[PDB]
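Just one chain is shown here, as structure tokens, and it is the form solved without streptomycin.
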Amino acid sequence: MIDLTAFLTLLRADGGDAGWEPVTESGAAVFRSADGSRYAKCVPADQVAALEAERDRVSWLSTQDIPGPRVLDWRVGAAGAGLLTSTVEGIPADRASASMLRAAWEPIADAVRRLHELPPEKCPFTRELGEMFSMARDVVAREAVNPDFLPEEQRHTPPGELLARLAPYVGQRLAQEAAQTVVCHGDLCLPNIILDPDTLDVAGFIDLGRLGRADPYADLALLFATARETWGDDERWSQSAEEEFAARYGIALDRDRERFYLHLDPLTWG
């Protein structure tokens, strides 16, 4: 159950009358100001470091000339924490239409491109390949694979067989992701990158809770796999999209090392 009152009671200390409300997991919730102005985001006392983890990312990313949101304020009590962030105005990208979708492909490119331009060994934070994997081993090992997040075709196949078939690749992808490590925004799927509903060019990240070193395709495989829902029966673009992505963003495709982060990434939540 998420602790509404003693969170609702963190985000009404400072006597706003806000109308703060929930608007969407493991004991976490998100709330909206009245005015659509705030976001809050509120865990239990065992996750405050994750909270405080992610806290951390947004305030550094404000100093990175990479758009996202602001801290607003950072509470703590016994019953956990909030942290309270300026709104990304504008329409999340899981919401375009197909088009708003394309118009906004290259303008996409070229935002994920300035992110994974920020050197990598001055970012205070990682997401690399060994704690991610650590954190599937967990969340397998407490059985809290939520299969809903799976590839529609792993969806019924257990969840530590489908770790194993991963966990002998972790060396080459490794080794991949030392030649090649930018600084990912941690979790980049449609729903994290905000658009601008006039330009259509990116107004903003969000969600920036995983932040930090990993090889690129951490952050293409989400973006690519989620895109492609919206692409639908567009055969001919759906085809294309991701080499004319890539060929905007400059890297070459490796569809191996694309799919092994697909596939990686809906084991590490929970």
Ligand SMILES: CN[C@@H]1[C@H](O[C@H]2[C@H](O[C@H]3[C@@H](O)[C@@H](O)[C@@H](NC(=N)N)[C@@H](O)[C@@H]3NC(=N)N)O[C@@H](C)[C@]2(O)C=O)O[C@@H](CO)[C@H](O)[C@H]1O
Contents of the next structure:
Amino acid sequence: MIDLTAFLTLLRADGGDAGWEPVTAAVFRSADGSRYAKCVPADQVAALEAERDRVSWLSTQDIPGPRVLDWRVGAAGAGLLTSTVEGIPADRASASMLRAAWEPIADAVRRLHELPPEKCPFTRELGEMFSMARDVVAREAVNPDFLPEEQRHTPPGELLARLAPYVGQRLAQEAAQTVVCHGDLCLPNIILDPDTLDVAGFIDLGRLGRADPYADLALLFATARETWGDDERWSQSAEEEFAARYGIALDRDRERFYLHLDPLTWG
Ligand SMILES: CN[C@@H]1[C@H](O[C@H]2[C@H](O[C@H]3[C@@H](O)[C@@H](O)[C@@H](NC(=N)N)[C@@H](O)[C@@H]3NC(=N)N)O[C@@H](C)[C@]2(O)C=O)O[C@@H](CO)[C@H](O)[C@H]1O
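The form deposited with streptomycin bound is what I need now, so please give it after the form solved without streptomycin.
Below: every chain and molecule of the assembly, starting with the one above.
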């Protein structure tokens, strides 16, 4: 299922006894922890190339993220090698730790969302993402582990149908308020400095591009709620506070649309 023999061949090609090992189209890490690679089969190479481009371009935008170390291709696919963003993935933070980071994350994400969207070479706009969802749902390829708990036992065709009639309205809201989004702004993709709890950088950038800011905020808030836990009241305060620091007035219906669409878009 995972082409370790092809991928390794790519990674080992420059020698130097690096001790590449799989850590998940797989992700590998060097023995010394200083480099990662993402590798994909032949069929997915354009998608990985577009990720490479996103990472390379973001390095010219003064937004903290990895550097592209190498791009390697062969008959059995491609690999994208990047520098480690050192620190602790935000999903691994305790509540207290995530509270230390919370205003720094709002600042960092605000900076990303302040890039001029019409200057971004990349897009993850809704017409693209909705089309992807139609495809995944047609292929019966939705992973229910990604859905909201209360949706996991509903057929994804039904779940797509709940969203389908809102696409026009949501496109009009996206036109009105487009930003450059991270594109998968779940807590594991925000690395924290383990001493100051400022943001060290962003990782997993293959969906970077124009979209409604809620394509990012929906994921960030939902995944932070895994940390904040049973505390419904702190979770709402936390989101209001985030919204005030970041500079947006919460639109819950729009946030929910993005939360409910995202899972349908993977596979
Ligand atoms: C599909 N993309 C990845 C995945 O995203 C998921 C992720 O899905 C989560 C929830 O929906 C929730 O019900 C959740 N709830 C449970 N009751 N167990 C999670 O288990 C779940 N995460 C997961 N399977 N890895 O949280 C959601 C906000 C998501 O972004 C939906 O697409 O999960 C992430 C981390 O969990 C990754 O960072 C992603 O890249």
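Residue numbers count along the first chain shown, from 1. For clarity, a rigid core is taken as the largest C-alpha set superposing within 1.5 Å between two forms.
Aligning the rigid core between the two forms and inspecting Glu244, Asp234, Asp201, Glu52, the C-alpha positions shift by 2 Å or more at one residue, which is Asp234.
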